[PDB]
Structures are given as C-alpha cells and as structure tokens.
Amino acid sequence: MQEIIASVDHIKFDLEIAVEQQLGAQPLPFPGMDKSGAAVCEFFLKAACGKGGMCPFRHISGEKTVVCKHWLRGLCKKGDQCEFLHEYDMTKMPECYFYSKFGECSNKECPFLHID
Amino acid sequence: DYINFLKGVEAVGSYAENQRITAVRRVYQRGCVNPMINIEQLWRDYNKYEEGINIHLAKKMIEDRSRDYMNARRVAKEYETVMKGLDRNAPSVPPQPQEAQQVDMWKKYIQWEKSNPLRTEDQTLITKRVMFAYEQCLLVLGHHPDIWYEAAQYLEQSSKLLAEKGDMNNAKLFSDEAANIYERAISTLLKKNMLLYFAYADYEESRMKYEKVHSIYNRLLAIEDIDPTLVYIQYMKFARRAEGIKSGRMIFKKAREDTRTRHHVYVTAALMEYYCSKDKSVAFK
Amino acid sequence: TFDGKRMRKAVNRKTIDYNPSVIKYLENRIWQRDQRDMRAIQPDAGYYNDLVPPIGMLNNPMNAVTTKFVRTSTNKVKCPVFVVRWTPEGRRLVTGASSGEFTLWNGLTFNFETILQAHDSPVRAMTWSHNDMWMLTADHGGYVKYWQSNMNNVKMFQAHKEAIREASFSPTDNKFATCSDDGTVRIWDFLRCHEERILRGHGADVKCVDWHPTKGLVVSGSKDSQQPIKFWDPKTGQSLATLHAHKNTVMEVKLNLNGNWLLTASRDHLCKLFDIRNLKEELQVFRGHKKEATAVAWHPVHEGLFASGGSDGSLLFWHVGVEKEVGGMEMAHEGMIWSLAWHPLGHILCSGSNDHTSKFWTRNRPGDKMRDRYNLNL
RNA sequence: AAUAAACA
Ligand SMILES: [Zn+2]
Ligand SMILES: [Zn+2]
Ligand SMILES: [Zn+2]
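So the sequence lines, in the order shown, correspond to chains C, F and B.
According to the authors' numbering, the first sequence is numbered sequentially starting from 1.
Using the authors' numbering, the letters of the second sequence correspond one by one to residues 145 to 240, 243 to 431.
According to the authors' numbering, the third sequence is numbered sequentially starting from 42.
Note that these hints are calculated values from the structure, not bench results.
Hints may be right or wrong, so weigh each one.
[Unchecked claim] When the alpha-carbon atoms are kept at most 20 angstroms apart in a straight line, the in silico EDC-like pairs for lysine to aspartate or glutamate are as follows:
1) B:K46 <-> C:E63
2) C:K77 <-> B:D44
3) F:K204 <-> F:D189
4) B:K332 <-> F:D322
5) F:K192 <-> F:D212
6) B:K295 <-> B:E371
7) C:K77 <-> B:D230
8) B:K264 <-> B:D246
9) F:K306 <-> B:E364
10) B:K332 <-> F:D371
11) C:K69 <-> B:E154
12) F:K358 <-> F:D322
13) C:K69 <-> B:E371
14) B:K332 <-> F:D373
15) B:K365 <-> F:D322
16) F:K355 <-> F:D371
17) B:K365 <-> F:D313
18) C:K64 <-> C:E104
19) B:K50 <-> C:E104
20) F:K274 <-> B:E371
21) F:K338 <-> F:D313
22) F:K318 <-> B:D413
23) B:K196 <-> B:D246
24) B:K332 <-> F:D212
25) B:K410 <-> B:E371
26) B:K410 <-> F:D313
27) F:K318 <-> F:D373
28) B:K332 <-> F:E267
29) B:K55 <-> C:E63
30) F:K306 <-> F:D322
[Claimed, not checked] Covered by chain B, according to a simulated footprint, are these stretches of chain F (three or more residues, beta-carbon under 8 angstroms):
31) 259-268
32) 272-279
[To be verified] Label pairs and their calculated CB-CB ranges:
33) F:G152 <-> B:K55: 37 to 45 angstroms
34) F:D212 <-> C:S106: 49 to 57 angstroms
35) B:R241 <-> C:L72: 34 to 42 angstroms
36) C:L72 <-> F:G157: 52 to 60 angstroms
37) F:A246 <-> B:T283: 27 to 35 angstroms
38) F:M354 <-> C:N107: 50 to 58 angstroms
39) C:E87 <-> F:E310: 55 to 63 angstroms
40) C:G53 <-> B:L281: 51 to 59 angstroms
C-beta atoms are modelled at their ideal positions from N, C-alpha and C, and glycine is treated no differently.
Let's have the full structure, built from the sequences with the hints guiding it.
Structure, rendered in structure tokens:
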C-alpha cells in the first residue's frame, strides 16, 4: 500500500515549498486571458494578494449558486469574471431547458436538474 | 447533326424547353474539348447559343470553359500534321517500297500519341487515345503482327501502371482488353499467323490464367495447314514452366501423335529434361 | 436559427473510438517486444478487437491509409473551409471558414461543439504549439490572434498589410513566422507582439512558411518562379539559400519532425522531397495528382508517410521510398482540398474543400469490402 | 448565460 514501508508524510519536500508561496509565478501576459488550469492563490483568501487582474492563479467571489455549463466541456471565455460557479458538485447545476419548458427530456444520462 | 436534331425535337412548356437547353449544352461542352477540323466553328456556334438564350449569363459560361478550349484548339492544330500525311483508305495488305514507308508514318502517329500532347497523368485518358490510334491503324494495315503486338503490349504496360496508382478496377479492364486485342488478331484477320497466338499465350500466363492457355494453344492446333513443330515446342515450354515436368511430357506425348510434326520438338524435349529436370538418361532416351 | 433551444430526439452516433485500440496496445506491448512479435489482424469483420493504433504498427505504416469514410461535417452557413487542426489532446477539431468562423467539431464521435466569430476575413492559417498552450491563427485581413485551449480571444494585431497565408512556430513559445501577399516573411516575437525583422527580397506573394523543429530554419514557397523556395536565417535576417524547384506557385511546405526532409506541394501537379542538408541534388518527386496538389500533411507517428490533397479534391497517400501513391480518392472528395490534419494518434485524418464541406477519414476496417463511392464505385 | 438538442 506504499504508505507503510516508504512513507513520506514527515518530509517537507521542496515541491511543497514550491507551491505554497508559488515560488516565482510570472505575472501572466495578455490581460484578456482566463487563468484556466490554475487552482487558487492563497494570498487573496487570507489578505491582499499583491497583483490585480494580471495574476496567475484564480480569484474567487461569493454569491455563485449555479455551476457553469460551458465550463464542463472546457470552454470558459469569462474566467474569473464569470457569474457562474466552477466546481464539480452535482447539486448546483441549472434546470434542464427541455425538462422545465418542453415537458420531458430526450437523452438518458442528462446531468442537468429535473425538478417538478 | 445531333445539335440540330435536339433543336428539332418539339418541346412545349418551360421545363421541357429547359430540358432542351440542358441537352444541347451538354454536347457543346463535350465537343469543344475534342480535337478536330472545325473546332473554331463549334465554339462560334456555342457563343451564339449562349447569347441566344441569355446575353448576361453568356459572358460567364463562355469564360468558364474557355481555357480548356484553348488547349483543345491548340492540340487540334498539332493533330493536323501527322494526320495529313496518312491515307486512311488503303486496303489491308500483308507486307511484300511504299508499303514500308506507310508503316513509318503509322509508327510516328503511334509514338506521337504515346508522347502525350495532352500532357496529363491520367493513364486512362492517355491509353484510350493511343487505343484510338491503334484501331485506326488496324483498319489500314491489319495483316501486320507488330501493330497487333504493339497494341496489347501497351495495354499490358498500362495494366501494371494503373495497378500501382490506385485505379484497381480499371487495371483489369485494360487487362482483359489486352486479351481482346490479341483475340481480334487470331479470330478476324490473322488466323494462321503463329506470333500473335504466343503473344496471347504468354500474356495469359502473365495473368496466371493457366487453364485458358491450353484452349489458346489447342485452338491453333485445330488449324489444318500450319507447322505444329514450333507450336509443340512452345506448348511444351508452357507446361514445364507453369505446371511441372509431368505436365510437359503429356504435351510431348501429343507431339509424337501428330503427323504434321517435324524433328525440332524432339530436340527441344530432351533439352527441356536435361536443363530443367537435371536428368541425363531421359534426355538420352 | 440554431441556438440549442429546440428539442431533438435521442440518437446513437457514428463513433470512431481509439480507446479500444489504445487499450489493446497497452495490453499488447507488455508481451510484445516488436512488431515482429505482433499477432496479425486477419481480414475479417470479426477481428475488430485486434486493432492497435499506428504506434502499435510502426512497421507497416499502411495502417494509416485512411480511405474509410466516416462523416461529412458541414455547417449551416455553408462556407468553404480553409484550415483544419486537431486540438493536440485529440479532443476536438477547430476549423476555419471563409466567413471567419471556428467550428469546433468533436473527436471520438463527431457532432459540433461551438461556433465562433473569430476573424473579420477568411481564415488562412492555424497552428498550435509544442505544448498544448497557445493556438496561432491568421487570415486574409492581416490579423493574427492567440488562442488558448478553451478558445479565449487574446490581443490581436495587424501582422501584415496584405493577406497572410501561413504561420509556423519555433520549438518554444517565443518565435513564429507569418508570410503574406505583400511578399515578405515577417518573424514575430511571441510575447511583445513585436516585429522582429522583415525578410525581403522574394519577388512576389509567398503563401507558405515552415519552421525547422530544431535548427531554426524558416522555409518558404512562392508564386514567383525566380525565387520559389527560400531558406532563411531567423536571428540575422539574411537569405541562407534559394532552391529552384517548381515551375509555378508552390502551395504548401512541410518539414518532418526528424529534421531532414523538406516536402513541397505545388501547382505543377507535384510533391517533392528535398533533403535540406543537400540542396544540390533532389530526392524523389511524387507523381499522381491529376490536377494541382494543394495540401500536404505529414503523418505524426509514422515518418515516411503523408497525405496529399488535390485541387480536384483528389486525396492521395504517399510514402518515402515508394514511388507511386498508396491510397486514392478521386472525384471523391468533391471540390478543392485546402488543408489536411491528422489526429494526434495517427489513425483518423481530416480534410477540407473549396466546396462547403469538411469530411473525416478513418482507417480501413479489417475484412470489409471497399465498394464505397470513394474507393470503388461499383 | 456565450449553440446543451447541430436534426435526415
Ligand atoms: Zn492572485
Ligand atoms: Zn464558466
Ligand atoms: Zn434533461
């Protein structure tokens, strides 16, 4: 099980040190980007982050109750100015447009919400 | 005469008139690619037919096929030179001065169409034009074996050339056409001429249709006044080569039982056993 | 109109799934040591399990002769597609049309994923990076955009006062080159959008640009018969060489990823190999395009073989060392082929016409009969 | 919400 014999839980690697204070992440070019594939910056949640707009990692805001439908396929033009959420929790999806308006749905594995 | 006939066909309404316009246009577009004498006049009638139904759209339809016409008009002037020297009316006579001088003008006309004046990679457009050059020459000098032989060898050459570049269904179309031009020689004009049989026998061995070959060889043996001494050599030379030693001796069994046979098949058969089956005693017996 | 708001029935889709082939190779390569150890894919329809991707059969590159048709992929506005690229994930397929639209077509099962109004001009050029990060595009107008993987619109800039026709990219995110119809090849800074240098002295409109995968060589092709193929020197700006190859109008120029072979499409019915370390002689030419050869794409996991478009829509497949072509579609892809793009796994090929369509081409299945209208019309 | 369903 790899954690009885060669355990590494007591090691503070240089890899984990490289990703807390982010170890020299360059302020990203072209300010109309998306910050995609980037997780979060802990400098923004605790205090002031330091750089605004042109920053590598993601800046989150509150009052996002519905996850983004475009974002699942991998097409997020909005990025962090998105009015929708970017998690993977299967409880904050939109209502399905064809179950809410047009009676029943069509496909068998519709992820979107079906409420009555 | 087919342009004026389609105009003569009575059509009432608008859809049947457009059926007339479609039918006359198709023969126009096909005929203005074909090299001939009065190609400058067909295009002149083409210009007046396009302007005769719609002047505005005539400026585009003439222009869209004009560049291919300029290739067709140029090669038609190139086609005048080799065709003005030929006779195209002489009866078919086997060689006996002027006759051999006529052959040179045919071999020029064959190899000039082999030189591909319409420079293209499409071997089907290349071959059928050379095949049209072959069929015109077989009318005038059909009793010549070389014109029959250079016909189907060009088809055997065009068979393996189309077998490489993807066109597989048309490779066998020219391959059976290669047997067809050989068939027309032995059936229509040159029945006692041995050379076109063996070209047709060795073509079918190259197509590996070995059962067909024995029908070809025995067709020649049914002909009364030939010398089968040469044929039994080659019909033994097929059986050893394609079917084994024992199949060869069955042929040499048939060579002994034919009255017309002379001494040369007895020379060949002992050399077929010694050089191939490596036996001295059978070659001695 | 089309907005995903009206309901449609449930349908199963034509799937070309590489996953049962790739899984098969992983199970194979454990106990396979070579291709001389491979179990044969006997020609029957029952041997649909034993397909491995073209990495599985490095030997025998005739695997990837993709003549089996899959799916015409047409839009609803009917514009002729010019450039075709796969996302380097093999996930989708952005495609450029004359109205300036990027229709992202699916990969395993092809549907449609989104439309874009990218360019104000007909799209002419499209390349990704060596990592999946940045996509480069260009058009008839002179504008070059950067694109992400999620197709975000980035800062755009007028690279040329006349119509760009290509853009290829250095082995990094630092440098690339766009040639246009003013006749120059301008090599660009990636990040600053800064005009590094102009490579003048060419004569007429240059319509393709290649970049050598290591050595830093910009190769070009031309309509100008006096200066048809120019090698360049990107750091200095000087003409390194000149190669007189074609009678007219070199269309598309592609180098291998192994770094040796130049390949050149041209409007004189020819594709030609040039070893770039010996420009005095000439390798084999490729004859068989009955009209002009307008699009060329090297195979990814097979060096040696490539597909070659035609202006009659003829789609032919070649191989280095083999004189005549292997695959064949004639009067079959209808129109004038502008570009080709293999899937990253070299197992399914795309196309694109001057007619308004853009077909997809997978490998021939085992033991089927090619009675299809592309292969044998009978 | 910016093409989720873009169908033969
Ligand atoms: Zn931040
Ligand atoms: Zn989003
Ligand atoms: Zn639903």
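Open item on the list: Run through the hints listed earlier and report the numbers of any the structure violates, in increasing order.
Closed with: As far as the earlier hints go, 1, 4, 6, 7, 10, 13, 14, 15, 16, 18, 21, 23, 27, 29, 32, 33, 35, 37 and 40 are violated by this structure, in ascending order.
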